[PDB]
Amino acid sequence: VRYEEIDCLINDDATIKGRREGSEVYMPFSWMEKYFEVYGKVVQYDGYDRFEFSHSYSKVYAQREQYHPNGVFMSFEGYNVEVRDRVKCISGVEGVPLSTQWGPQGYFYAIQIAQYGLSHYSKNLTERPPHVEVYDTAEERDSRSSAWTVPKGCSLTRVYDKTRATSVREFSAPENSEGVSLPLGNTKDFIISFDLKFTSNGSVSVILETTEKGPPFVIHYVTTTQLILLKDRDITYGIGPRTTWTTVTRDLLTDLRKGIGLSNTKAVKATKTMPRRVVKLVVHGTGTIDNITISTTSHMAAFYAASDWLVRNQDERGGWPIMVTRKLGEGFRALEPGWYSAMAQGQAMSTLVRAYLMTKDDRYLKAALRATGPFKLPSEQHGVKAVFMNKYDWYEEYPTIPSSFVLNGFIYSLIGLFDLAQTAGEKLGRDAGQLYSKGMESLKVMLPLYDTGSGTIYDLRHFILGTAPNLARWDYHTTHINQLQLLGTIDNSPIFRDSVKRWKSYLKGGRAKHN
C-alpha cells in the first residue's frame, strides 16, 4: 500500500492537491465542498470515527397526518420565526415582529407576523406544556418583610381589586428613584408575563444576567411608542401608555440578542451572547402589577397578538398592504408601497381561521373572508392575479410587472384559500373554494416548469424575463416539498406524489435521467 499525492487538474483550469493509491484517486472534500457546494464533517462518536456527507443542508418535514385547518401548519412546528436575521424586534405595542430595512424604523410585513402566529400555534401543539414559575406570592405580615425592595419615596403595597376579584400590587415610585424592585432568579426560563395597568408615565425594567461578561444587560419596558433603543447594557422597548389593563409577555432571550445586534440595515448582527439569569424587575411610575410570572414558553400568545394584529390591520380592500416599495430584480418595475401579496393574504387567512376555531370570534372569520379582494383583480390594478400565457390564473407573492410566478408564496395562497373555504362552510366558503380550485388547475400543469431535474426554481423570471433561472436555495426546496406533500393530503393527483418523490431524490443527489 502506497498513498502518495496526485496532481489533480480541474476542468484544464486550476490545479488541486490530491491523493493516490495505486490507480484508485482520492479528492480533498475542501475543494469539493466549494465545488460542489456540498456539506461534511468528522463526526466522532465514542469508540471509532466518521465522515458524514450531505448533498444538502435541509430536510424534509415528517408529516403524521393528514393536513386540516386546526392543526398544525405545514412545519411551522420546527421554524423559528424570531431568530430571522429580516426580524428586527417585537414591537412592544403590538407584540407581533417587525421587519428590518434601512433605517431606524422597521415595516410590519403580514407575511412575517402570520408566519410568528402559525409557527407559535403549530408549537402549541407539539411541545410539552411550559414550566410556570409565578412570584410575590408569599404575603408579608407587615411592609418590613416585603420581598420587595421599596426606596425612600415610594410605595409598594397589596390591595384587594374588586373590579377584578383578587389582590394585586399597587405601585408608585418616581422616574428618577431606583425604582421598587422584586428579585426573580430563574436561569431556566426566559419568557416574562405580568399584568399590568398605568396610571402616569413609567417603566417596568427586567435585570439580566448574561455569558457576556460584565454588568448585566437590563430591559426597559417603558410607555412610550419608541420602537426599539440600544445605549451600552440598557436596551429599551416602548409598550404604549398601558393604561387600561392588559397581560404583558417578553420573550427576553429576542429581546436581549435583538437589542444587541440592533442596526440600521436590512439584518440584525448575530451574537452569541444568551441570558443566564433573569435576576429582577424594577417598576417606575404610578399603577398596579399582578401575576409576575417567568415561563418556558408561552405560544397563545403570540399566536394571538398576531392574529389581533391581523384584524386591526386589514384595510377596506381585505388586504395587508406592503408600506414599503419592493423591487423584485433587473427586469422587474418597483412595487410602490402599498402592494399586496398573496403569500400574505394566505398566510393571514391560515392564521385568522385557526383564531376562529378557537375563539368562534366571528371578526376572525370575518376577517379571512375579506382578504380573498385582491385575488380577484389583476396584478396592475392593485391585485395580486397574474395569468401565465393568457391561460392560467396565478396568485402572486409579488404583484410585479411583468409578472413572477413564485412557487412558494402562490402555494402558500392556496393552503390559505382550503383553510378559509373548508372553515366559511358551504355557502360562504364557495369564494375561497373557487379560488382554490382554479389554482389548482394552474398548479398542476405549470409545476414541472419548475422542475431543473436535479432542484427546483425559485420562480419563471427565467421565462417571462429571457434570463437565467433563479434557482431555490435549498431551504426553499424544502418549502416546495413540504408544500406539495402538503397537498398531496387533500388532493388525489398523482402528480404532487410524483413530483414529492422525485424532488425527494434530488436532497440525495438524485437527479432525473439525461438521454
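Positions refer to the first chain, counted from 1. Take the two forms, find the largest set of C-alpha atoms that superpose within 1.5 Å, and that set is the rigid core. What changes on going to the form deposited in another entry:
When the two forms are overlaid on the rigid core, CA displacement between the two forms of 2 Å or more is confined, within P402, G329, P241, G103, to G103.
Superposition of the core reveals a Cα shift of 2 Å or more for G47 between the two forms.
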Contents of the next structure:
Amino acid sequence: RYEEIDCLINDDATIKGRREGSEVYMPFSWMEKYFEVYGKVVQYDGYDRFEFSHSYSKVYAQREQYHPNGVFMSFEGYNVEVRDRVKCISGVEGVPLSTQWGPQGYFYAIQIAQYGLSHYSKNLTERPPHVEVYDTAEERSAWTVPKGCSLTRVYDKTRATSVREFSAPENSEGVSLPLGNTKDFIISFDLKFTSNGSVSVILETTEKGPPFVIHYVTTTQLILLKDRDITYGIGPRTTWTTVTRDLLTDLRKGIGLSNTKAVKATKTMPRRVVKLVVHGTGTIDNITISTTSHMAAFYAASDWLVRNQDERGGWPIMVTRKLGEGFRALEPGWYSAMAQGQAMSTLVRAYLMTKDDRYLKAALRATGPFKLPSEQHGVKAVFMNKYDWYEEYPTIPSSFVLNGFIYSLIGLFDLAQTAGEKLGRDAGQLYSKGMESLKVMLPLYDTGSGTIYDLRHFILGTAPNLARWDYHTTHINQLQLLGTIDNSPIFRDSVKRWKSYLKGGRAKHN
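For comparison with the form deposited in one PDB entry, kindly provide the form deposited in another entry.
There are no partners or other molecules in what follows, just the one chain.
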C-alpha cells in the first residue's frame, strides 16, 4: 500500500510524494535542485544502488609535511591544459595561452605557473613513462624519400652522434619516417631548420575517415584549423632545440578551435601516431614518443616566467578585469598576488633543481608588488586599517579573495625558505605578516556550512559570494598544507570543521 501523497513545499508549490504508513518518501528530482545536492544510480552485479552526495570534489590526502622542492599541494591531480580556458599550448613558447577574459588570447602567468607546478608534481608521483626512440639502427634507411628529396646521415661537429639532414620542397610530399605508436602521444624531436619548413605528424583518431595531420611550421602563427589539418607555428627554429608536443592536447585544441572564450569539447581521441613528415631543409635527431614528458613542460613554464617578468618584478595582466558590481574595473597592467606567488613557487622549484641563479633572482624580484598598495601598481590591501592582505585582484575597493591570498603566502614561504636568512628576509617578513592576518580573518569566510570566496558582502554591503564546492575543497587543501608548516590550532580546527561540511555537517545553532 504505497500510496501517492501530495507534498506542499513551504506553502508554495506541490509535488508528488509517496506514503507507506507513517513514512513519507520524497522524489530526488525535486530534492536535487531544492537542496542543491547530488545523486547517481550506480550498477552492481544484479542490482543498482543510489549514491547520494552533499557535495562534489574531494580533499587531497597529504602524505608528508609540505616542502618547497616537493609536490605543490594537490597539483599532482590537477590537469591545467585540458580546461577550456586554455586556447592551446603555444608552439613558440610551449606554454598555455588563455582566453578566459578576452577571446583575443593572452599569456596569463597563473595558468603558465600552474601548468609548470602540476607537471612538476606529476613527475614526482607517476610511474615512469614508456619511451620509444625511432630511427636508431645501423646504416642506413627507415625514411621514405620521394623523388627530388633527400635524407642523409650526416655529422654535426657540435654534436656527439650523427643526425639526419633533410631536403624536401614545400610542394613535394616531404621525407617521412614511420612511427606507429598506438599507446603514447607525447612526441619530441631535436630540430634545426636552414629554411622555412614544417614537421608534420599524421594522427589516426576515433573520428572515422582520414587521419588528422598536425603541422608544426616555421612561422609565428598561433593555431589554425582547416578540415583535418591543424597548424601550430613553432617559430624559425634556426638553432638546435628540442621540440616536445602533447599530441592529445594539440589535436583536441585544434578540433575545438573557437572564436569564443571557450574551446569546444570533443570526444575525439588519438589512436595511432602514424608517421612524421618533414618539408624544407635542415637537420633532425632523437625522434621519440613518450607516455608523458612532465619536466619539459615544467621548464617551459619556468623559463617563460623568467623571460616575461617586468622591471617592477611583476607579471602584468594586460586585459581589463571587472570583478563585479561595486568594484572599479582593473585597467590592463594590473598585478595579482596569486600570479606572483605561484610564479615564486615555480621558480623556487626550478632554482632548487638546477642551481641556476636566474631562477632565484626572478623569484626574489617577484616580491616587488607585495610592498605597494593596490592603487599604486601594487597588490597590498589593508583590512580595516589593521591587517595586511595580498590581493588576487587588487581592486578598488579591496576584495579579499581567500584562495589567491593563501597561494601568495605559499609562494612567499617557498621563497623565504629557499633564499635563506639574508636574501629571503623580505619574503619571510611578508609571509609572517600575511599569516598573522590570515589567522585573524579566517572565521570571516566560514558560513557554518561552507565557505565564502571573498569579503564582497562586507566591503560592498551585499549578499555573500559563496564559494562553490571545488573552491571549498581548495580552501581545505590550502589550510591543511599550512597546517604542516605552522602548528597553530586554527588550521587543524578549521580543516576538521570545513571537512564535515562536505558531508552535510553544520556548525551548531543556538
